[PDB]
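With chain A's structure known, arrange chain B with the ligands on it following the hints.
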Amino acid sequence: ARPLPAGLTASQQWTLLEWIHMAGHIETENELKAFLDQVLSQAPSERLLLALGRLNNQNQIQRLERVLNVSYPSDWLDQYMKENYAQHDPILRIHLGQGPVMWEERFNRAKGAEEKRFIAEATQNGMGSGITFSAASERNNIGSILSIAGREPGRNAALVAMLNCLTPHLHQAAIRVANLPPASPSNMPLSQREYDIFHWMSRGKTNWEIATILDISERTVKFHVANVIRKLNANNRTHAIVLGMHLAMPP
Amino acid sequence: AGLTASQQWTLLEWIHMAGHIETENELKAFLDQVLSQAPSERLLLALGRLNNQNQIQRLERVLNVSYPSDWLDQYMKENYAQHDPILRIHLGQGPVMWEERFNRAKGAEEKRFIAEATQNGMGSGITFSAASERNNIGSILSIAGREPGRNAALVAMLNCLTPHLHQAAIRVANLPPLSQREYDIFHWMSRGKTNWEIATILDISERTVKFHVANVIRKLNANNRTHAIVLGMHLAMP
Ligand SMILES: O=C(CCCOc1ccc(Cl)cc1)N[C@H]1CCOC1=O
Ligand SMILES: O=C(CCCOc1ccc(Cl)cc1)N[C@H]1CCOC1=O
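Chains as they are written, first to last, in the authors' numbering: chain A, 9 to 259; chain B, 14 to 189, 197 to 258.
Some clues are possibly wrong.
Here are the simulated SDA-like cross-link-like pairs (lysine to any residue), alpha carbons at most 20 Å apart as the crow flies [stated by the list, open to error]:
{"id": "1", "chain 1": "A", "residue 1": "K213", "chain 2": "A", "residue 2": "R245"}
{"id": "2", "chain 1": "A", "residue 1": "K90", "chain 2": "B", "residue 2": "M257"}
{"id": "3", "chain 1": "B", "residue 1": "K41", "chain 2": "B", "residue 2": "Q180"}
{"id": "4", "chain 1": "A", "residue 1": "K230", "chain 2": "A", "residue 2": "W216"}
{"id": "5", "chain 1": "B", "residue 1": "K41", "chain 2": "A", "residue 2": "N244"}
{"id": "6", "chain 1": "B", "residue 1": "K41", "chain 2": "A", "residue 2": "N241"}
{"id": "7", "chain 1": "B", "residue 1": "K41", "chain 2": "A", "residue 2": "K230"}
{"id": "8", "chain 1": "A", "residue 1": "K41", "chain 2": "B", "residue 2": "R245"}
{"id": "9", "chain 1": "A", "residue 1": "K41", "chain 2": "B", "residue 2": "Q95"}
{"id": "10", "chain 1": "A", "residue 1": "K41", "chain 2": "B", "residue 2": "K124"}
{"id": "11", "chain 1": "B", "residue 1": "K124", "chain 2": "B", "residue 2": "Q95"}
Note that these hints are calculated values from the structure, not bench results.
Just chain A, with the same shape it has in the complex:
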C-alpha cells in the first residue's frame, strides 16, 4: 500500500481526505469527469490525463484499455496518434505503482534516437516536463496512470504528495466506471471435497453422520472440516457455516 504524507496542513489534509472520500463514491462516468475537474483547478496546470492499461509482470503497460482524458491539447493528440509515439514515449515505460515520475528527470536519461526525437517534439507543444503517478492492481495485472503536464505541478511538493495518494483511489474509481468483465478468480472452489463435507456441515449433522455418509468415518470428516473453517477464515465451525453460507447456493 501507500503511506500517507505529512507536513500537510489540515486544510491540505482535510482536502485530501475529501478527495479520497469522494473517490470512493464514484461510479458513473459523469462523476469521474467532474471530480477531476475540481482536482485540476487546485492544480498549476490545465492539461491532465487518466488512463487504464493492461499490465505485465514488472508492471509495465503494454496496451491501453480505456482513456478518460481531461485536457491535453488536441493537436498533440492528433500527432501522438499519427506518428505512433506510443511506442517511443519513455513514460509508458514506467513500472506502475512507483509514484511518482518527473518528465524532466526521465527525459535527460533517455538515450535512444527515436526517444530523444519524441522528447524534442514534445518540448514544442508544452510536454517538455510533467509528472505522472501510477497505481497497479496485481491481483489482475491492470493499472492506472495519471499525468499532468507542466513545470509548475512538480514545484508544488505538498500537492505532489496529495495527488500521489489519491491516485490509487482514482484507479479503483476508473475500473468501476469502465465495467471491465472478469478477470475472474473466477470463484473459490466449494471445494469439491469440501462441498460434500460442507454441504452437510451446516445443518443437522455431527462429525459422525458425515464421515459415515461419505464413507470416510467421523475421522476423515474431522480432518477435512477444519481445513474448511480455516479456509473460510472462521475461528468456529458453526461460524464457518455462517461465512461460507453462500457457496452452497451460488453453484
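Below, chain B with the ligands alone, put in the same frame as chain A:
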C-alpha cells in the same frame, strides 16, 4: 466540520486501507485492526440483495468473524432472521442504535426475539449501512454492545468507513455508451474521415452527420472531435 484533530488521522487511515482490500484475508485482518479501537468484540459484515424497499430480501454472503458461537446456532435454528427488526432497516440512512429500535418494535414475534437477544448480550448495539442502488446490493456492519454507541467520535468514524467496506466487500465477493447508428458515425470519425466522407458512406446528409458527431461527443464527455475520438477508442476495439 472537524472536529477533533487526531481522529481524522485514523479515520483517514481506515478509508485509505479499505480502498486497497482485494483478498479475503486482507478484509479479515483489517476488520481486526478496526475492532481493537472498538469497545466491543462482537461485530459482523454482510452483503445482501437490495430491494426497492429498504428491507432486505435475502443475504448474499457473510464475511464476519465476531458474533459468539451460541447466538449463531440459535439465530439459525429459530429462524430469527425474519423477526429480527434490524434486517428491516433501509440501507444508506445513517446509523441506528439497537436499544432505540427495540423499544419501538411492537410485534409479539419481535418483542420475543428482542428478549432472547437480551440474554445473549445482543440487547443493545449499532448497525451502519451502505447501499449501491446502481445494482440493488447493500452492506450492513454491526457491533453489539452498549459501549460502542456511547463513543460519538468513532460512531461517526465507523459510519463514514462503512461505504468503503461495502466497496471492499463487493470486490472480495461480487459477482454480479452510444446509440448503434451513431457508433457507425464514430467508427468512421476515428479512421480519419471528414464529415463528408461519412455522408458518403452511410448515405446521410452532413446536417444529418454533423448532428450525430455532436451527440456522440457529449455522450463521451469530450471537448472536441479529436478528443472524443481518444476517450472512446475502447468502444470499437471491444
Ligand atoms: O501523458 C503521457 C502518458 C499518456 C499518453 O498516452 C496516450 C496513449 C494513446 C493515446 Cl490515443 C493518448 C494518450 N505522456 C506525456 C509525456 C509527454 O507527452 C505526453 O503525452
Ligand atoms: O446483527 C444483526 C443482523 C445480522 C444477523 O445476521 C446473522 C445471520 C445469520 C447468522 Cl449464522 C449470523 C448472523 N442483528 C442484530 C439485532 C439483534 O440481534 C442481532 O443479532
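Verification of the supplied hints:
Simply put, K213 (chain A) and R245 (chain A) have alpha-carbon atoms about 12 Å apart, close enough for the 20 Å limit, and the pair holds. Taking the CA atoms of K90 (chain A) and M257 (chain B), the gap is near 18 Å; set against the 20 Å cutoff, the hint holds. The straight-line distance between the Cα atoms of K41 (chain B) and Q180 (chain B) is roughly 15 Å, inside the 20 Å bound, and the hint therefore holds. In summary, the hint linking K230 (chain A) to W216 (chain A) is supported, as the alpha carbons are separated by about 9 Å, within the 20 Å threshold.
The suggested pairing of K41 (chain B) with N244 (chain A) holds, with an alpha-carbon distance near 14 Å, which does not exceed 20 Å. Restraint check for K41 (chain B) and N241 (chain A): the C-alpha separation of about 7 Å stays at or below 20 Å, so the hint holds. Proximity of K41 (chain B) to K230 (chain A) is assessed by CA-CA distance (about 24 Å); at most 20 Å being required, the pair is judged violated. The straight-line distance between the Cα atoms of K41 (chain A) and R245 (chain B) is roughly 17 Å, inside the 20 Å bound, and the hint therefore holds.
Of the supplied pair hints, the one linking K41 (chain A) and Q95 (chain B) is violated, its CA atoms being roughly 43 Å apart against a limit of 20 Å. The hinted pair formed by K41 (chain A) and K124 (chain B) fails the criterion: a straight-line CA distance of about 50 Å is larger than 20 Å. Of the supplied pair hints, the one linking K124 (chain B) and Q95 (chain B) holds, its CA atoms being roughly 13 Å apart against a limit of 20 Å.
In this structure, the earlier hints numbered 7, 9 and 10 are contradicted, and the remaining ones agree with it.
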